[PDB]
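The chain below stands alone and is given as structure tokens, in the form solved without the ligand.
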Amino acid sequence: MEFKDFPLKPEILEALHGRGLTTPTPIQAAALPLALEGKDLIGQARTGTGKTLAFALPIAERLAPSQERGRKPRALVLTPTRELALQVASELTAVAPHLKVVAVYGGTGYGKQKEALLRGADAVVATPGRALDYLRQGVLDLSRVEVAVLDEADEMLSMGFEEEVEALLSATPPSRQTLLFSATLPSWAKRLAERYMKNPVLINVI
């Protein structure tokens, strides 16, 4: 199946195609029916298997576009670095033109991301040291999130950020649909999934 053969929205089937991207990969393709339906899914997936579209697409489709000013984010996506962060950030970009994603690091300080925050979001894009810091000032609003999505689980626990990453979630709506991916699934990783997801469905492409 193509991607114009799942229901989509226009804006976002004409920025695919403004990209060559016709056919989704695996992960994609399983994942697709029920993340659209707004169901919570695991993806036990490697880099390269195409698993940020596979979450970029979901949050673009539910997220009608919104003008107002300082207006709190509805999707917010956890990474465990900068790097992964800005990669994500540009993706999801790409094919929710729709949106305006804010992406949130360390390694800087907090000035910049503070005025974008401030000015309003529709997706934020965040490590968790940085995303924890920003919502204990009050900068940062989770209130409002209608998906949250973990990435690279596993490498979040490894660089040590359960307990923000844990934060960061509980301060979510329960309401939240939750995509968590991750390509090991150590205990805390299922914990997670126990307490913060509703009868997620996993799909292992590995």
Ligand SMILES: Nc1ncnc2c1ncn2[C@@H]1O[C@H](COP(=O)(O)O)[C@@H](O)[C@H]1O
The other form holds:
2 protein chains.
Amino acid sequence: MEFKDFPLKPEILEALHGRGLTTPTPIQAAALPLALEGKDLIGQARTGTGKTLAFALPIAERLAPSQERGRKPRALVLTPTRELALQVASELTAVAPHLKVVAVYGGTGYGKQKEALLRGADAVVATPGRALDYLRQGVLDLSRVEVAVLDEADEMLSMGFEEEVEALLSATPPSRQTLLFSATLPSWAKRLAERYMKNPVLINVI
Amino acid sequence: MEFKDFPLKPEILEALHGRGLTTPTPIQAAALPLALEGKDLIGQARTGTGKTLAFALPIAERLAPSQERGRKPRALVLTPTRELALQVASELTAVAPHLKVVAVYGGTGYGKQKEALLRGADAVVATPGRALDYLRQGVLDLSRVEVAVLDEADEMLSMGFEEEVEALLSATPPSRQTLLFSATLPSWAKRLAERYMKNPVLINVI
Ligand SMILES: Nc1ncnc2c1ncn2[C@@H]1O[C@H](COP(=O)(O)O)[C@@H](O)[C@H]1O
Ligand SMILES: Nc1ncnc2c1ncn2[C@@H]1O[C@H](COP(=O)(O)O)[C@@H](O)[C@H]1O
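Just the form solved without the ligand so far, so send over the form solved in complex with the ligand.
Everything in the complex follows now, all chains and molecules, and the chain you saw is the first one.
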């Protein structure tokens, strides 16, 4: 099946076509019907599988544009690293031209991202420490999150972000959709899934 | 997504509609794009999930009708029990009106099934002991199998059918598609997957 065979809106199919993206990878093909229907998913997959679009497409599809100044994000993606935050943000921006994506990460000052968040965002792609700092400063508001994604949960564990990840998830409404990607499923990630996800289907392409 | 949103041929959508089947269950929704594209899948799922159609639909879709007298089956489904063989056969018959499905099982004499097989079949749904007896008698010919399904691999293990299952799979061409369903994945089933499947995606709805 091609991307056009899935329930994806025009601006997304046009964006995909513009980058020569036509045919879902296996994790995308298996995930999309579920994820596009709002269901929670665990994607056991590493980079190279197309896992990013497996969550970025759902986000793109579910979120309609908004121009509301100062608006709070409706999608949150957590990543272990600045590098992956930037990469994921770029990809989401590319498949969701209708959305404002803000990347949040450390190894830099707080001002620029704070001001981006305060201007308004539809999606935030963040490393957990910096995200939690903004949450607790009242700069990042997660009360409107509809889709939360943990991208490389095992790495976030290895880097000691468990408490941050949990605090961030706890700040989002449980009505959300949650997608969890991880190559491995250590017991913390399994617990995270049990606590923060709704009967997720697991798709493993390892 | 509804069944009509997947690449299923008219006789199958008509059959589904005739039974009021419209919307894939989660394992179906995740499996179909992969399975309809010929890919191998492990479905970690128990009865109640819709796992049967997750493999019966692919079989139905891939196999065009044939009227060839004495033809050898192009699909093989192995089940642990007579009861499940009969149930799966019934379901496959119902979604594949264009195919002749033969159930093979023990606890009965050999004549009736032998004669059914010799008349020709498109799909055989069998328990492993009886299937292997027919194979070795030269009555069941598996050289044309295009789709093999292990349905409840863990149960087939628990009932001591490992050697039979392996012999049967070994008799099918490796060019086939293989689908393996099992609630649990004991090491024999994992080995079976490694040996007899091609990079399968695992979908777990447990
Ligand atoms: N469906 C697709 N078709 C072609 N390339 C893809 C597709 N999905 C993702 N990619 C590329 O696959 C690579 C790995 O993606 P990921 O596994 O998300 O890190 C990236 O270079 C993506 O641009
Ligand atoms: N997509 C579906 N919609 C409604 N009922 C279904 C669907 N797929 C399977 N069923 C029913 O689900 C039950 C369990 O199927 P299984 O898990 O394959 O044993 C059976 O009663 C099937 O008829």
